[PDB]
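One chain is shown next in structure tokens, namely the form deposited in one PDB entry.
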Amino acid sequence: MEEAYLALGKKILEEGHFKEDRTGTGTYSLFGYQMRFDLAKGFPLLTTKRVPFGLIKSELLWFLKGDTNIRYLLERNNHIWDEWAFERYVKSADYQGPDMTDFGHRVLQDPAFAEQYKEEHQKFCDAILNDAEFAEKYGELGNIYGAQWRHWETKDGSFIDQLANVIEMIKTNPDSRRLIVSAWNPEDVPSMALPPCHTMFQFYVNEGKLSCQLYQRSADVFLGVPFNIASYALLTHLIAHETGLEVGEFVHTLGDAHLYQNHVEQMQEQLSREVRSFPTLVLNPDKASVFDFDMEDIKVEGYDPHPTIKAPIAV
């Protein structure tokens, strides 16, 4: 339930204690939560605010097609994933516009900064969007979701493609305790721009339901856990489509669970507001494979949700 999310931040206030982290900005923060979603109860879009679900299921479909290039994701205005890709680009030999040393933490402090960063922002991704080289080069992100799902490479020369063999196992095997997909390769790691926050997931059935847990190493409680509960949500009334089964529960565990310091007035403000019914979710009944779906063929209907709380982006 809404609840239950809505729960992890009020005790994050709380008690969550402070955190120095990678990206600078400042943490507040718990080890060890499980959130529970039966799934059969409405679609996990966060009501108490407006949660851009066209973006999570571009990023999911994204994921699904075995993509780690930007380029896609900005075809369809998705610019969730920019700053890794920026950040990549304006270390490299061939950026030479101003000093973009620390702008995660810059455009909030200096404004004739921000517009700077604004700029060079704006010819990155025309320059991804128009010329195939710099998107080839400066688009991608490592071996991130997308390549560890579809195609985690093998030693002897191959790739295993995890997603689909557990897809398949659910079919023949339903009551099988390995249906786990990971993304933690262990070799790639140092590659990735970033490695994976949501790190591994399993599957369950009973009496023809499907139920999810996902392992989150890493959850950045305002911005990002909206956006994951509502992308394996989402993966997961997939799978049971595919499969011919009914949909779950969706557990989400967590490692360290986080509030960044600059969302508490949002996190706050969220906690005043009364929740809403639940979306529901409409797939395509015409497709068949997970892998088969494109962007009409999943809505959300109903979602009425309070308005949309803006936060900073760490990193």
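Residue numbers count along the first chain shown, from 1. Heads up, when I say rigid core I mean the largest set of C-alphas that superpose within 1.5 Å between the two forms. First, how it differs from the form deposited in another entry.
Here the two forms are overlaid on the core, and between these two forms the C-alpha of 86 is the only one among 203, 149, 227, 86 to shift by 2 Å or more. Once the rigid core is used as the reference frame, the Cα position of residue 131 differs between these two forms by 2 Å or more. Once both forms are overlaid on the rigid core, the distance between the two CA positions of residue 58 between these two forms is under 2 angstroms. Put the two forms on the same core and the Cα of residue 71 is off by 2 Å or more between these two forms.
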The other form holds:
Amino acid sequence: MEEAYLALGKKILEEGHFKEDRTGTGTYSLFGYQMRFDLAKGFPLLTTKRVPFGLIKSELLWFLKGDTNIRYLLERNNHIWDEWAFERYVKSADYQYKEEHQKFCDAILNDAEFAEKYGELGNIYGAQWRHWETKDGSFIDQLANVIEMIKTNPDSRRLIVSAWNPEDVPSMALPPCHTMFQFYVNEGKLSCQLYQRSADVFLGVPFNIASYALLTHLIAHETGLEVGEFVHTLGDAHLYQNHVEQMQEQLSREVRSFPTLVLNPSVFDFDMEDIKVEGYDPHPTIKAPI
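Switching conditions: you have the form deposited in one PDB entry, so give me the form deposited in another entry.
Since only the chain itself is given, any partners or molecules it might have are not part of what comes next.
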């Protein structure tokens, strides 16, 4: 239910606890929240504000093939992670307007070995989902494994993917906000619950819901099953103080019907062309600082 997201934003406004970090960022937060999305009722892209689907699907697609290189994202006009990769280039060896960014994006896109040394991001979801390093130097492919398990043992209560490794977290720049997820099958239907330890409630959460609903759909298709529910579980849910006006504005609009997801008749061969949304009619974009 979209109203379940709107109730959470309202509850953060009504009773969220104010905190000022060391650096002067202010949030209102709560701890312990759950919202359900029945995927048969519609694909849960928010109608109260426009949410760009392109970037969600290229990002998910990138996670799914285990890719940790940005070339794939650049090729599809996704600039999410291309800051970190650029930063890494300007404090490196081989190096008022900054049109040097342009030459960097271009070289990554048009060079053989250049994209390997400057486009690699190492340890994030794609690598944690598809390639979890063991002590003996072997690797566990958790996603593929959970897929096989769905096919051959639907009743399993162990359909689990973890993104959280206590060895790697204190040294990585962005520890995974999406901590783990669990699949579940009953009566020909696939559901997924996701534990998110930390959530940007205005800007992050709407991205997150569509991403994991899409994931559920893709695994459903792969396993020949129908879609059940997406259960989104939160830990630290926070609304940045400069997102309040934008939230209040969102609550003043009326909910429309969720649109329809359409998938081309294995999801590891899917590109952008194979995933469409039908009947998306949201209220205009609501801008906000990051």
